[PDB]
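The form solved without the named molecule is given below as one chain in structure tokens.
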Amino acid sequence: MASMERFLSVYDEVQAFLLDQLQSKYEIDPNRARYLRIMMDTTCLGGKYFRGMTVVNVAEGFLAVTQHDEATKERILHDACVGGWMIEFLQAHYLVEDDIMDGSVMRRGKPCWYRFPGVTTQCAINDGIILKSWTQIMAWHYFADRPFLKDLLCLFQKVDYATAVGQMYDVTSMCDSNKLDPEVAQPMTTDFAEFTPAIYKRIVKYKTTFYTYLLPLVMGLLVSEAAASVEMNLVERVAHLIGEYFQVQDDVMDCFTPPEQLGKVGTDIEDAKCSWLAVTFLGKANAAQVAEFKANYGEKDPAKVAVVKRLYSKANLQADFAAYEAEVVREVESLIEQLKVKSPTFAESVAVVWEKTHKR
């Protein structure tokens, strides 16, 4: 059975399981089950499933070099699919809540879940909470007798917490740290002193890399009972490195990729986000260019947003991206080589993850 096909068939099984359990144990009625079914489909499907499929791809790599009965191969693949959906549902939780938090309009060329006429923020915040609760229901049901259940739940929790901390780093990236105070309305920074590569690296590390790369790779190892085939410090170092490049790609696209291709209108400039473009620009601009940046950043006014985009285009950030990319390619290659010592199989899965990121 083809990988994607198996993955999508497991979604249907998981959905039927969750919805039946709501009927048999939670006294749900058909209309509320239908609402939750549509919520699940609208928030979980439509993407590329890169995170979920990485779990499956990692498990597939190990099956090719390990002796198992056919029933065990089927069990491992089914577990990798459930594991993959746990991450997809975790991401769905993040996207639903992030969209509400940011007042976002579109997500994947469709309205944000909370903007659906029969949803509203009052329901959507709770819908987002349910999405994350379902990841745990999945784990406890499907992995009840598995030796990896403990490690898997512990990893999932640590990743989820790191991601929430990352979201806090992201939402507060445009204010002066020394001014943070629940009692006082937060002014946007005027000096941009915290728009540095190391501060940018911290936001990205926590907000994206743990759930997008570390969690699918390690979950693939856990379901395969293969964590001994790797040096965990290398897995962490390669996940953070690929994850950072992925976010740099996200940041560049928000500013220059057409809204129809991106699936929404990018607002990082208006939002005064600490993006790779803002940081890199400030790392090479002259005094006059820094003044022009300060006068126009973090403003809704389309004329001010156009000035910032013009500063980025004239600063030749395309060259800085090419240099950054060459250094990442270099470091990713080094780590893949280091991973080959313990597992050529896992190194290959990482090579495929990198290829899919670099070529997207």
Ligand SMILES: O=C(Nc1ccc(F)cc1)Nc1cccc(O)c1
Second form
2 protein chains.
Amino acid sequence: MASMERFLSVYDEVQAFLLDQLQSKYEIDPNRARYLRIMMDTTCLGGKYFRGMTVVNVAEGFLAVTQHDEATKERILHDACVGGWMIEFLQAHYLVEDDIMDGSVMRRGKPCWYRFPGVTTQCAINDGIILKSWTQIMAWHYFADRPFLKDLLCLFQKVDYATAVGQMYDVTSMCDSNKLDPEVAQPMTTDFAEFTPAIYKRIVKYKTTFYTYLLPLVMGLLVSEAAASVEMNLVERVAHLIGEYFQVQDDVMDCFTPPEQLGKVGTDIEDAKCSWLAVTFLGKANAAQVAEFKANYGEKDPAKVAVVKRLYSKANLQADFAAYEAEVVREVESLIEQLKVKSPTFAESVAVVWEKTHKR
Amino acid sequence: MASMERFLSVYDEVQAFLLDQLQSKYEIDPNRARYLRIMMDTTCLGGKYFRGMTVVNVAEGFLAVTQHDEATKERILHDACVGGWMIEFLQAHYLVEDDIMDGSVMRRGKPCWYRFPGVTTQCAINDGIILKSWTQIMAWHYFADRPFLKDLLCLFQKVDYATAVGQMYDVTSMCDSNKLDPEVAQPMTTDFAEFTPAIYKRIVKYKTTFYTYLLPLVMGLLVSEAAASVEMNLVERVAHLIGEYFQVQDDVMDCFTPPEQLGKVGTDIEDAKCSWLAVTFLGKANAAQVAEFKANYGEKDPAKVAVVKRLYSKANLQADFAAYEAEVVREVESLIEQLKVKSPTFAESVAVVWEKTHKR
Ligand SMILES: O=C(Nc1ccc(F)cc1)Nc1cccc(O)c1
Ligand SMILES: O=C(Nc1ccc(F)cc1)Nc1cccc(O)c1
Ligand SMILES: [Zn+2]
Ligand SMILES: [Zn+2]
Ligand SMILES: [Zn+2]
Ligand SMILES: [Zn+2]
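Follow the form solved without the named molecule with the form deposited with the named molecule bound, if you could.
Every component of the complex follows; first up is the chain already shown.
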């Protein structure tokens, strides 16, 4: 059976399981079950399933080189799918809540969930809660007797936490740290002294890399009982490097990809986000250019946004981007080589993850 | 050492642990650590710690009748405190997010967290996420080698889920079920056919009783390794009964307790909530009175709210309340007796929980 169709079958299974359990144990009625079904589909489906499918991919790599009964190959692949959906549902949680937090309008060419007329923020915040609660319901049900249950739950838990810490780093990235104070409304930075490479790296490391690259890789190892085929410090490094690159692309796109293609009208300039463009701009701008940036960044006014965009074009940031990209290629290749020593198989799965990121 | 001061010491310990770990492992800076410290204090402290202290109370009951080394008595009490704070932090999560969802103004005589000037909803939603993530960080750290870890995590997880399911039942309680639809903005019910005792019971059972009464009771059993001193079906029943009573008091107070004493301006009438007053009103009203209720319920207009309040007074709902109260006393007493057969000790802890609820 092909991987994607397995993964999709498992979604239907897990959905039926969750909703049947709501009826049998949580006294749900059919209309609220239907609400929850449509919520799950709307918030969890229609992406590429990169994250979830990486768990499957890593597991399939191990299957090709490890002796097992047929029934065992099926159980490991089922487990990789369940694990993958846990990650997809965890992403869904974060997208729901993030869209609410940021006042976002569209996601993937459709309205954000909270903007559906029969949802509202009042419901959507709780829907997002339920999304994440479902990951735990899946794990305890499907992995109950599994030897990896504890390590998988513990991993999941620390990635979830890292992610929430990252969202805090992200939403506070345009304030001056020394002025954070729950009692005082927060001004936007005027000096941009915290728009640095190291600060940027911290945001991206926590907000995206743990759930997008580390969790799918390591879940794949855990469902395969293969976490001793690898040096976990090397897996973390490679996950953090690739994930950083991913976000650097995401930041460039937010500014320069046409809305209809991006699935989104990008607002990072208006939201005064610590983006890779802003940091790299401030890394090479002269005094005049910096002053112009400060007078126009983080403002709704489309004239001001078009000034900041003009500044970025004339700063030849694509040349800085090529250069970053070259360095990441080289470092990713070095880490893959290091991984080849213990597991050529796992190294190849990392190679695939990198090709998919690097090409998209 | 007295229980409350143990419990409070443990808060300071757990706080220091969480924030030190943010600095050592999550690259946090001191100002964001300070934000998070003040968030934790503001959202987790200043209540009565009923829930958290029930874990301690149950554990202390078992200590009085079980042979143990001194060091073991201290470890079980430490564990009961950690467990108790998990519940308190879980409540804190739900209050933060609930206040945002419901557009609430005050909580305990202070502004809701999201309303602090330097917080905002954008941050507060994520703060609430972090609150709940901290419960898992505590559990894995403090209970890592404990035999009850799995059962405690599994229990916690199903209570958290039940709670979120209950919030969905609550916020949708004024819509007609057959009209729920993410695509269609939701009208308030005109018939109030879903304002029934059984529907009310379902809301309250899920939204409050699992985290307020069941979780503290059963956590106390688990940290004491005493879950075989009891018939778990009886613990659930008694928890659901007392919890229902608790909420019935909460609903009456929302209408009739002066704001400054309630720590809150109650808005259940305006929010068209399925409250015990509304259900009991509609259970005894004549046609004229029902028509007057339908013309005035769920409306911001203070004249209309004062009409619904007038209807409730002249319907002599305090007499219905006395009668409910009498029935609950009798049923709670029956369950306590049933519990006395296996554990007089646990029965007494339940007796205390009931006295604290019944008297407040
Ligand atoms: O190492 C880089 N970091 C980076 C990451 C994030 C950020 F915000 C700014 C810069 N850039 C780089 C580019 C070309 C060559 C090179 O040896 C290094
Ligand atoms: O059993 C009751 N349930 C209840 C709970 C919730 C609700 F919404 C409405 C009613 N009430 C009751 C009161 C006096 C005597 C009695 O034998 C029963
Ligand atoms: Zn965001
Ligand atoms: Zn972007
Ligand atoms: Zn609410
Ligand atoms: Zn109330």
